[PDB]
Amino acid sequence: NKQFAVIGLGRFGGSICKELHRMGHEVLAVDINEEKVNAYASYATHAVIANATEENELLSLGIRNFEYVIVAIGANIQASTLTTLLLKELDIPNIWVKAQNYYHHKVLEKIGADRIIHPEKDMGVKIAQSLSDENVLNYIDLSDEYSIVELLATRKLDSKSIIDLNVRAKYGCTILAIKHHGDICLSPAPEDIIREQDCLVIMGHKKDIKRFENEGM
């Protein structure tokens, strides 16, 4: 099993640490705040109060032993940048860091961060897509033009069949799944019916899907 180190137990890093630990991985939670450590003590293999900008405390943690180190420090850009620098000079294989803005991304890029993440910005995009289009529940982009979308079926689609709703020739899309009352249906047959308030998964071009939304539902 791979060993993970998470520095900065915020909302983001906290989720990572908690979710990773649930996966049965060796995860070390690191934070400068004692209260933070106490909170996630029950959600980590080891939890240590430490200042990650201190090289001596860093070596005391044995952070060189870890293949993955996650820097989830946000507000204090100084701490985030300085920590990443220390890690890179310690030849840490994989360093993932949470960024605050465009310029924070740039400096992390230059000092050799392996992966940079913008949690709020990315979610901001996702939720915005669901505001303008209440029909969509969730989605994933395959490219700039193609995407898979989970839709909330309306009354317009109630008791409609898959062959009634021709998507492969009329809109160039394909229905991938139907979720009814919790029960799930994968690669549903052309005779399969969709009822309102079910979860509908469609695959195809972005413009095509929206066209199906405007006309079909």
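Numbering follows the first chain given and starts at 1. Residues that one form lacks are left out of the comparison. The term rigid core refers to the most C-alpha atoms you can superpose between the two forms while keeping them within 1.5 Å. First, how it differs from the form deposited in another entry.
Each of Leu157, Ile127, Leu59, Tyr102 but one sits over 12 positions from any hinge; the one at the hinge between the rigid parts between the two forms is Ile127. Comparing forms between the two forms, one finds the smaller rigid domain rotated against the larger by 21 degrees.
Once the rigid core is aligned, the segment that moves between the two forms, defined as three or more consecutive common residues whose C-alpha shifts all reach 2 Å, runs 124-217 and is the only one.
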Given for the second form:
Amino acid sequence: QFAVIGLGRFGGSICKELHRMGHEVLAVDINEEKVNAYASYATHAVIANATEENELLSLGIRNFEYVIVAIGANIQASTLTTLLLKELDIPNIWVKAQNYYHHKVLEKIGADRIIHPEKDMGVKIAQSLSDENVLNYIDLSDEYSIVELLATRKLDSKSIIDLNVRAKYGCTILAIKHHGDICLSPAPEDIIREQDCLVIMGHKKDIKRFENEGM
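What's the form deposited in another entry like, now that we've got the form deposited in one PDB entry?
Just the single chain follows, nothing else.
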């Protein structure tokens, strides 16, 4: 189902994770040490130069629905591989882009998805930096947001009704997380300890106010 062609910082991580999730993954790399290191983290692992057409055929690359081209540094290799993958009619080709220029040729040679990992992680880090309290969020509208909050101290050993969040800020607490054991829909008396995960829902400004005052 999945082949990952570059086992580096990025490709290796995709590989390890797909495998941990339970999908079958073919790990490909030109470097023998890398292939050895990923033997345990992939269904199969093979030494191959992904820029070599017969080597790609030998991997049985067409038997794959998704091929990820994760060779970062070598722009030539990356596009040459992508080029070959498009020739072999691969349904989904995802490629890591090195820079603006690399993005542009990948776009034209028919990459299905182009990833800028650092750029994307930049946004995520900035999101983290601006509200440290928020671990995760989902934007429902311009105005509404579901927010996973890490409990700052003053919120310690307090029940739902202790700070009633429906009356005060007009937000609904969706869950509590204690010990990797969750309280899915809390009763009015359920204790929130420090470092429990609050899941809160409603108006963005109301949550932000609750953060300002209850934390």
